[PDB]
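There are 4 protein chains.
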Amino acid sequence: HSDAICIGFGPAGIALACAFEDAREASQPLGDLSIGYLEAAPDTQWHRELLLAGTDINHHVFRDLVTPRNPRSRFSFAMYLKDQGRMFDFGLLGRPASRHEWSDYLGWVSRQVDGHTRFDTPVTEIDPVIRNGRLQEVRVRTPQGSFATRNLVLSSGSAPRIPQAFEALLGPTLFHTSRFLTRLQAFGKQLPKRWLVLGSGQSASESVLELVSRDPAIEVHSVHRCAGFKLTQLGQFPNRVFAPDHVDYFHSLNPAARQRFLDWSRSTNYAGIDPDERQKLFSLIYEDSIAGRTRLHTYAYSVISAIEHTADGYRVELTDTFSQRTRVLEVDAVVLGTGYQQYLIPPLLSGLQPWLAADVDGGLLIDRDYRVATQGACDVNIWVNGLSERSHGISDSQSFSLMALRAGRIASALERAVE
Amino acid sequence: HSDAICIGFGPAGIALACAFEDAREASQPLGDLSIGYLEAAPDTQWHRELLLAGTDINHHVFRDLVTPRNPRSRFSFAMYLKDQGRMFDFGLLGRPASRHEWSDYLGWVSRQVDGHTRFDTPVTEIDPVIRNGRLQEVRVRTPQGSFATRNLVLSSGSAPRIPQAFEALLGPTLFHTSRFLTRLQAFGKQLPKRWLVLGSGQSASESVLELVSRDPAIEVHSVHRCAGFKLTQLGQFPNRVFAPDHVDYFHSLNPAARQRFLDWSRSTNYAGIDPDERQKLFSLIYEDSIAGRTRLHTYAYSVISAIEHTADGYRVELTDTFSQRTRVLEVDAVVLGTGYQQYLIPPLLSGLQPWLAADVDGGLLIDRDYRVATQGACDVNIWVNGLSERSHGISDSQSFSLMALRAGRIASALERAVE
Amino acid sequence: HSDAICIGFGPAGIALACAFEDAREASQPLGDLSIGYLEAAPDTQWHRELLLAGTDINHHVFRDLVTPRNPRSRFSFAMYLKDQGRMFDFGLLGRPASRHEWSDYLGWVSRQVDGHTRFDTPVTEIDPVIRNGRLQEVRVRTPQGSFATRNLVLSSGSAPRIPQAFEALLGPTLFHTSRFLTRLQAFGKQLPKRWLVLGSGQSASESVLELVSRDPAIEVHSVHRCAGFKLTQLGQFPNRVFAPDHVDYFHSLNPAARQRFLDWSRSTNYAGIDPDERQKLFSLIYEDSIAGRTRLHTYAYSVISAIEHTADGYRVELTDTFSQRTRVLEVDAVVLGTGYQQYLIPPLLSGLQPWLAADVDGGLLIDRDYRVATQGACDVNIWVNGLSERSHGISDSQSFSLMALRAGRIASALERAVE
Amino acid sequence: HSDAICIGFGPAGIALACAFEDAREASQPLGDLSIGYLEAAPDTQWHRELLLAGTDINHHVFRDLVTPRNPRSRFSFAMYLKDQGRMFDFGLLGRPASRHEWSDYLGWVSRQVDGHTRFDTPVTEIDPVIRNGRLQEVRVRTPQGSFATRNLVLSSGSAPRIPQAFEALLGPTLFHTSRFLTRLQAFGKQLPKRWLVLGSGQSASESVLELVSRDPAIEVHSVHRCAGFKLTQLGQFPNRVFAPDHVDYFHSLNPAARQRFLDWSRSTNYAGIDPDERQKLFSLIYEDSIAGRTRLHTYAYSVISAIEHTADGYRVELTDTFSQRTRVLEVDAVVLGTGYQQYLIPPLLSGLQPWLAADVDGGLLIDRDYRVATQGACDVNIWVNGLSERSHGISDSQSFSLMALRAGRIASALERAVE
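Chains as they are written, first to last, in UniProt numbering: chain A, 10 to 428; chain B, 10 to 428; chain C, 10 to 428; chain D, 10 to 428.
Among the hints, a few may not be true.
The list treats identical chains as one, so a pair stands whether inside a single copy or across any two.
To be verified - As a list, the in silico DSSO-like pairs of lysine-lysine whose alpha-carbon atoms are at most 30 Å apart:
#1 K289 / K198
#2 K239 / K202
#3 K289 / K239
#4 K239 / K91
Honestly, the hints are just simulated from the structure, not real lab data.
Chain A extracted, bound-state conformation:
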């Protein structure tokens, strides 16, 4: 039993722990609240680096896990650089920090605030506890025991979107971007030559780049539902505008207007790629072409209309959505840069449905402070620590600065809920 349980100790949960630790170290009341963290994965560099993949880190160095909420925090990137002796040299770089550096930073913060974190500890189920015909507690169930609380934070996220056509095919030679590194490693010393990469966002771009980087004979077929990479937005949304203002506006709309907004928003099609990532991919392809190798093939306005696994790889049928013209590609492997599914009700909350209010789609009803609206519940609070189009008008991001700000809103709400 603790005052709260947070599920997930990725950046979002770390950011939240940093708010509590800032408070503890400053002797403020919030620091007394006891919170435990349950993370399914192990405490490893590999896993933290897995978490940053697909994320646009072409942003200012102040937009770290704590500074936008509290620049005096001992977990700021400036404190990280100073501890590592690199403040001056970092400034001379003239570029934003690398993914690898942000990972290291993230391990450096984690290591300092993880005293209440249980790793290798997946949540398998969350069971209700009813007492007077009304929900009073929940029991978070894990392989290493169970935990009880009135206050729950979900900081674990959502799952890969795998269209039905591909589910039977998931394997070593056809996989989602979320397992890109692991899957590539399984090939050992020899990658297959012919690749198809589906999708138009940063995860797709980085996969393409990594494939044409690893082996000079690899050929990549890059399929886009709309225009290709050359017409994507430069920078992911949270790096172009101050997202909380857009989250505010979205909450100020009534549900009918929200749906009109999302229909416009979805057809506007904002999907953005770090401009340095675009540049790396375009420059490398260009250099390749000087020697005659043209190794990236682009198919715009296309969907995969059929696919089968044969003895000689995959036979993939593309259909151009406008012309209806079709063509067939034979490849050795396929990468799905299809992104992640927005849950209506996260699977872990399955058993609590009777005490959860319904939004217009039956899913979770989430307020501006990330709190889940309940019904027939006595003192039980739940927060979902992330963005979504359906609740907030914006796709979920691994933006460190957004996590910092959310952590502030949640940690304060958690304090009020214990008095």
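Got chain A sorted already, so can you dock chains B, C and D onto it with the hints?
Only chains B, C and D this time, still in chain A's reference frame:
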């Protein structure tokens, strides 16, 4: 009587003359064809600078009026720099050439190929000439006489889009971006304080910048149909992709698919601004805010739902398209960055309608080589030297490189048509 | 009587006060030490902006007045941005902060740590206090009274270098860069046309830029002892390398080797200009030249060998140092970007000479911690809070980060000296 | 027998051939002059890429082998891009062309103008031909025969500077940068771990980068006579200023003043590195350090005062020039980035000394048009197609634009000399 008449001696017509002059100077057959040019405006720096406004010139220096068609042309920008003694210093700049420099270049080319151009010579009408019950010639009519030809090129463009709500109001204090400079000059030494600028493209951006640049007390209200300037595309379309490939794809679609493409294309909403222009505007506003002046006000997802001219300026009602919430602004002047109208049939071709084929909207039917399809016509050819969404899938651009390429296609087609 | 007196409340003294305030607010012992600050100039934005002139601020935002010493300080630039509500927009700029912004920051810090500062309070003299035939105290004398201390910090700097040839001429039409703004303002609404600007550093560059910016008919003659602006180093020294490592190396040399080092160092001639300043000046001159105005004239390898004030401005004789060829220029005004004199013994320490050790040139003998070495003194300490070639191997800089680091070394040394 | 012989068919000789071919194709008189080219090396991509090494190609694309002399040449980079179909994509890169691209360009030009070039044809000696007691011809001697001419162009350059201390040591594990690639290849699949790289210019930088790039365990000791790479000039000289103006000024000095100029010039120490090369090296080292590897060690103000080859690599003694402090390094291999020797009289002109005038150092006396001054010679002309400090005030560069301009001056001088 000449073998051809080109209407317009802006960049597009100059580019075309450069193809003929290249050919003449090289002794090639195309140089013998006699062509005259009729330009409504005078031969002045002011007018040439008026023509470049709103245009993204953040492109490579090779994408000039001739080089993409013929790098050996004596009208290349490299030859311009060498003639002016600035080749070395230009390279040291590390930035793209300025609008002012491209204007000067353009006057420098014009001055060398304008021996067949009649300026201050507007076309008021174009009359048919029928002989055997079929159209054999046209008579281009001007205030300074008339001209006869079987071969006509329209390089004059299209007109400002002025919504009905504003037509009665056009004047010194409410105007289109195409007269921005002229109108601003009329105020002399004192601009009005409160401005409304409607629109989201580069012409809107540059107007805003110029207004907040000219006077530190000016306040600008910037109204956008969708998201504001911070979410526009960086770079206009022809600077992001090789437009002719997209023009090819659009022509390869049948008319039903073209309409499906434009419906998608129009909701995707690509409207782009030179990234240095965005940067100039954002930096200046930011610097202003350090001293407390917040002088640019943004209204997204908004339309003007009512406007009236009172004794104290304009009273403007905005409606947020999603929320339906309204608000009122009082301003002293209004700038319409509404862009330009695509004609279905340009006004100058009014009298030739009976010999012009019809596209799906009754307008001109234009092929991939910019030729207008005719009916019941003997040897008479017409070209429209520009882009449009309806014929080519792309908005009309003042892209110098595109003009160069078009000039090649048209000048060759003109040669074949005289034998 | 206070434990210490610091003379100067420019950035250097502010940085020092920030160390004490950080300590006070954290309850650390250093915060108990009482220190007063005497600043000759008034507490005004004009004066703070006067202090930043000539300074390369093209450096990373962490290199502020406190962060390199203590990122958790409440006076960090991140805390400044957050207080002003500009953290997100600052990141979107993609450029370093402007001089104007750093000034504002500096006023924002000053306002929070100036409770022990007396402004408009010049030090006219510092008198010794001898007791047992040995120096025990000093009496800092001002127009508003006198102050006694064993611990003295000089944070006031040094004076403009005015060669003998110019001293009689100093006036409204011939002046040093340190009074550039004040002097320009005296002209009111009309500047003179013909200017000569002597010097090759950033103060010279910025003067040139400001002159050709203010008036399109102004002509500037820019005279350089060596090569001109196009061959200056990009960035001032402290922005190219971590200066303290170079200060360390210089202290590790014995005096004979130091002189050999400075002779090499002085002939290497490192004088650097913010690359954006060079760019602004070169771009503007280039744009000017498109229209025919060539308004900046450069004379390399030149000295002024004679000058006289006539009724028609100045008659200036230049001599090329290599060729010995001479020429005469007639100008209306002259700007001396000659920099600042390194004192051997600052004038304010005149009366303490008998208790001050001598370096190889008779001047102050300063250790690595900025302490002045004394003789026959009981408990009396003096620090000079700045760099110099003669003591530290580097020219004095207004580098904010260096001030932060020095402040740490001095404030700790001050603490030890009071127990 | 031909009207002229040019020794060397690297960029300089290719540039010269382009002037003749431009003239031939335009029917101008210069095209009739017969000239043959003798190149020692073979016609291979490997060799052309060997020629560009150490060269700052961070310059504008107009500064190619022909354009600064004649933008209409069919050998312009714009014509190259157009022939390869890459003009548009090149512009989208937003960076300067790569070394690899400039090599390809250079092969593309060579292939079009090499019809008078004999490859694998070294000049071993050049013998005089005296007739009336005065020199009338020269006989260029090669392994494949001999050639006679009154007009000689030397476009072969100069030799690696190898200090005496190293001559006996030249081998697979200690080599000059000019054989860096060849030597590295000899190691096959395993490079040695510990490297010393001597020197401060671009060849040194690129060697360092390539070594730390090839193998993550390699350690590099980088020794500099003065300050290290962080204080080098950004950009080589010809990319910072218009070199011909500086060559003009140097020729306008009398010999006594030239020596004073070079003494200043040599102590100013301008040696420049492509800013993107510095950036690549600094970024990679920085990224390495995040994981704990610090693999580049810098020694400023140092010379190698002793070195010996032992059974366990090299034992190298460094002496700091100022402190006189020494230290010893043990490394497995050494790279000499010592640059190239300026000949006083090139070895190939050994036998013509009696007909060659003497400059102040006994060496060649070369005018502003690159002509060698002779004595007692009837109609015999020689040109050295390169820069040098001793004749022109500037170090020899592989600047393509400079070659273009020189080619113009030489080809015209060659024409006058045949009538």
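Hint by hint, here is what the structure shows:
When the C-alpha separation of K289 and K198 is checked against a cutoff of 30 Å, the pair qualifies both within a copy, at 24 Å, and between copies, at 28 Å. In this homomeric assembly, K239 and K202 come within 30 Å of each other (Cα to Cα) only inside a single copy, at 24 Å, whereas the closest approach across copies is 41 Å. For the identical chains of this complex, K289 and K239 are neighbours both inside a copy (12 Å) and across copies (24 Å), given an alpha-carbon limit of 30 Å. Taking identical chains as interchangeable, the C-alpha atoms of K239 and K91 lie at most 30 Å apart only when they sit on different chains, with a minimum of 21 Å there against 39 Å within one chain.
Going down the numbered hints, you'll see the structure goes against none, and every one checks out.
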